[PDB]
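The structure appears below as structure tokens.
Excluded from the complex is one protein chain; the other protein chains are retained at their positions.
Every chain is named by a letter (A, B and C) in the order it is written, and numbering of its residues begins at 1.
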Amino acid sequence: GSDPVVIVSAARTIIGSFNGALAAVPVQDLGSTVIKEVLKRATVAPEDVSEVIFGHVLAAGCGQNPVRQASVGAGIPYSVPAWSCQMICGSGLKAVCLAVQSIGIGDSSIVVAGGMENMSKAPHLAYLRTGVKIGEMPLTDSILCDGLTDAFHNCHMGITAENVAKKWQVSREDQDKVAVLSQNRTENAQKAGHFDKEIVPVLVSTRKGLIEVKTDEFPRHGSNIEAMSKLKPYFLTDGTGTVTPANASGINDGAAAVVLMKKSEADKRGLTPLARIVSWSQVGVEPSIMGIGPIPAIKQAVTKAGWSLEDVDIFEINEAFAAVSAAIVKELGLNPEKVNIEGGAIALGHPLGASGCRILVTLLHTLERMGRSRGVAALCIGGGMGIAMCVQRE
Amino acid sequence: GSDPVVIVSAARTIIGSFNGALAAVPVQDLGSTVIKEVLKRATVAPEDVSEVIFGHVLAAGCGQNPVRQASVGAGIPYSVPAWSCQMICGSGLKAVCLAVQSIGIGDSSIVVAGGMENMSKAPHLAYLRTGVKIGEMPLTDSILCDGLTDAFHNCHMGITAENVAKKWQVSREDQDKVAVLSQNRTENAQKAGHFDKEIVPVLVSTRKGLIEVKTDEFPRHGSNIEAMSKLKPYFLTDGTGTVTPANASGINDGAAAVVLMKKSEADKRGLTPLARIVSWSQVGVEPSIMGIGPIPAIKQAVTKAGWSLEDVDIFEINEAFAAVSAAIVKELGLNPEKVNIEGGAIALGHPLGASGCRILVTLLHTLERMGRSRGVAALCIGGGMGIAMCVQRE
Amino acid sequence: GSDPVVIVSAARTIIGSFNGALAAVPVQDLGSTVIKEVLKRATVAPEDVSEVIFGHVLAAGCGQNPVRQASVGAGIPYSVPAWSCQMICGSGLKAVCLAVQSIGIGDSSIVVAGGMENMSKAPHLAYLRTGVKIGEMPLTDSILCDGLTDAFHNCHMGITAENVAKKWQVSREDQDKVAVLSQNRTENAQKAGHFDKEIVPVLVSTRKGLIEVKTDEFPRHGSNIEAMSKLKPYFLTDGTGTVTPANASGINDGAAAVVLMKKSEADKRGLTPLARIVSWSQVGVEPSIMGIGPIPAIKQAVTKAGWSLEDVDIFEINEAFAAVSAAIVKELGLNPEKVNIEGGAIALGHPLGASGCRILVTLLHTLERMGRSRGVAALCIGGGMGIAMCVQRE
Partner (left out) sequence: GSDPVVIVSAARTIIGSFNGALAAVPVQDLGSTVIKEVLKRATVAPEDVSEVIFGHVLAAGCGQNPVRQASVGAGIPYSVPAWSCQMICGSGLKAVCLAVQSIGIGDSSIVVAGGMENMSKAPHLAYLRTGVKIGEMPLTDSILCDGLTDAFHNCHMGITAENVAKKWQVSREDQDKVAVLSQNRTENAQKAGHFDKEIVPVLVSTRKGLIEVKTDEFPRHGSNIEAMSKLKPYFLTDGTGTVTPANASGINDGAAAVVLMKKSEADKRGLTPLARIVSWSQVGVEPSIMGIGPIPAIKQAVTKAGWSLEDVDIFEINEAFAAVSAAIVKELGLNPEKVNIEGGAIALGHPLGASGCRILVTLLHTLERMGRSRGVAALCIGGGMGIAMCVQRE
């Protein structure tokens, strides 16, 4: 307000496929990569950062405070506090909102906010301290257990997605159409070089030495409805299923970051920002339909901004499932030509902790590239939440 | 400022011993217990909570967003956003600072902040996705890996404690004296009923049915220097060791919570708060001496409050190791009769995610009970950080 | 025949309770203990042993050829071949029959035969070579998996025991009576010192140094029908159950051994043997009723010996379940005062690989102590087999 918080820089790694191009790279090295890069791009010295805040969901086995590791690995001094927040899929966006708060209230001057996740590296879990006298014991998958299973209904996110498909009447055919659209938009954007600016290469040691990874791995080029309609429903196999692997996102690795400060601090430094942050909201809804979280979230953020929905030029609405993104667009009555125009997570992938910031990074570069003005990033969150941010291009 | 953020209520579970009285209780049930109770005590209806923020470090195997589970298990509606932060030992206090920020900036009206940890339930970890063709594979202890091992030097917190012992010249004899003091102060406080008010019983099913757990489990009554001086150093066994199990805290389970709102909202509701929050700080230091984090943290918080150190009536300085707490007190020149007067974590235990808020809960009730005015809660943090808060009794 | 194979010496360790007195002792050290001891007792130099043959069922994690380890640990040279056989519960007796064959045919001159098992040390199992992309994986209990589960019907031995109880009409009351009898006979034998001769102490390091273990651990003195009839059926909980923990044996650790050679070699050496081996049999039956294996086994061995059943003075019939031992005795019409007179495995325990030889050791010492002449050792075997041996006291 008058001196709003602005985003000066924004970058992401490619999104790697499960057990794919980024699987050997610890999550904190993904974090370091984007942290170092956004500072570079903003021309901000690492010692001028007030704090680092990252979303990060599946942190088992990553060592003590992996954000701090990521921060220091980027060349930020030990003097700079660094910490993580978890709000499942919303975690990466929540990190940025939290920065908005510390800067707005006058506690931080410059913040590197973001999200990070290496799901390929998520371990299996065993409780061994008591000691099992006799009987089988599970090695539980932390991804499933901590990432993808609703704690209230003990069901996969994909089941909640079927609830939304049912209730918002998004057919199998609808979902496959959204999926094809998402895949084709991503392929068009890739070929047109639309992601080049936002991507920062990741360094990976191979048997044939060091390599740069700089193409998103998860897209399935040549996606078509005929192929997709042959697949069987994955979560719900009693003949009422609609969600398949083709119309859902995946398990993925990646990180993203943004540099934030006040407009006045940007002016003082001779920086022109990507955008100003106008508003944001977090809301709660029923776990059984967590997918529709962004509906109340968007309506509140947009309202808080003094906007009507028509005023929004571009939406990024996390595409965890076609069933959910379709339902959100249908209920709000959004123009699909304004929503996920470079494609969404069905094509690009969904590294839980990173996605909130990743879609923001994309949003901001899309707005910039198209010379459009007003954007909304939003995500549904397991357990029944939604988060949304309003940004306006300077 | 003019309308400061106040703490209306504050409560904790007992602290359970490793694999002890609370080990069968999932961490989110510990959270629910304290959340429900602080609302009860503040007379605030659960549907009036703007959000829930909890510190939580070892979240592997706890399911999707265990704070949200804890929130809902306390009777807070699905409409109320709930999420976690991780800043190792500082996590529980960081949760409260974050609430201060959301309330200060006008985003939240009422917040339940806190921390929670069941270390007994922390699993072992195995990476099984690639597949090991031939050879041994570790089942890594998440407590050690993610909780207690410095990521920069690959050494136990207890090793960093020896660095501080060495550098601040805190002898074995000094450490054992601090340990005895801590144990005796805790035993005196227990017998005098000083913890009765702050403790909320935990419900536990046993073979002989339901029981209430309401005594802290970890204290070793009759602690004496003669016994302690017989023990061997645990981390550093080359004849230069000082830290033993008797002069370090433990692995422990527990939770704690506070209810926060603006002074004006408290006045409107006819509530008298425990205290107002005057200031807080987070700082970074070298990982090798993470223990001395609270020195810069305290100095900055106290300075920001407009106080001198003499102005502080009561300190709670987390007693992870006698070596560290002694070093902090020595360097700042604090009166030991003002520091951890009900005893500290050597006697009480250290459930990582909970401790930041737990010491705050104790602080506030001590200030209340003694009719003293100004308090400081502070903790060192693995990886090289410190966090401190200033509170003033209304 | 004319120059029959004789048993010169026979010894056993105590039988340890699951996770009890012998759990820290590797199975091969149990083997070494009994091997060394029987050589000592027979006055046979270790370098005169032709070969060592031991039954051993649960060998996972025991290292390369644990019989060979056991042999060498007893002071038998590297020049002496040593190897194991597996025939589940019959394994320890099968080892002795196999020795009878190598000596009878003229391939071996002196053989140490026996059985050994540390079930406390049996590991859990995980298949990790492929690599599990996503999902839970079992840590399977090798005891259950490889020891106690019928491979044909995928059911616990205790289920097959219920089949025999049903079909041979052995009531819950019958089973509990057999159990009390077994417990009381064992307690009487212990107090009378009847096991003193056959037991060889095991050496175990404790925190208070080295100790000798020389009392069987599993017996429940003061066993009574009133207590037993209060227990619930363990395997079959649909209201048709009869088998409980009180009328079944346990999971147990132990070893036993015997020294064998021809009568002529014994005469040459100035040794008087415990007994001569007269006959033995191995038979197959249906897995669903594996418990009744000893019926055809005994009938064939006794027939091969030229005996009638009345001619047998003493039987040892492995008491895996009261339901099975009762059924065997009922069908064959045996005098219960001739069967398991020092008690059986319900009281003493059942270390799978050892039991076949353990009951033989006991048989031989009982025959000796009572001055009786003709004995039968027999066991049922998981998967549907029976094994029996006839011995005659010289």
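Keep in mind that, in the parts below, a residue touches a chain if its C-beta (ideal position, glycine included) is under 8 Å from a C-beta of that chain, and two chains touch if they have at least 3 such contacts.
Taking the complete complex into account, C:126 is the one of C:6, C:10 or C:126 that touches the chain left out. Checked against the hidden chain, the listed residues B:109, B:130, B:140 or B:184 yield one contact partner: B:140. Summary of contacts with the chain left out: across C:149, C:303 or C:373, the touching residue is C:149. For subunit A, the list of residues touching the undisplayed chain reads 128-134, 137. Within the complete assembly, residues 18-19, 124, 126, 132-141, 143-144, 251 of subunit B touch the chain that is not shown. Listed for subunit C, the residues touching the missing chain in the whole complex are 19, 51, 56, 59-66, 68-69, 72, 77-88, 94, 98, 101-102, 104-105, 107, 120-130, 139-140, 142, 145-152, 282-287, 381-385.
In the analysis below, only the chains that are shown with their structure count from here on.
Averaged C-alpha coordinates give centres for subunit A and subunit C that are 62 Å from one another. Computed from the mean C-alpha positions, the centre of subunit A lies at a distance of 31 Å from the centre of subunit B. Multi-chain contact residues of subunit C (touching two or more other chains): 132-134, 137.
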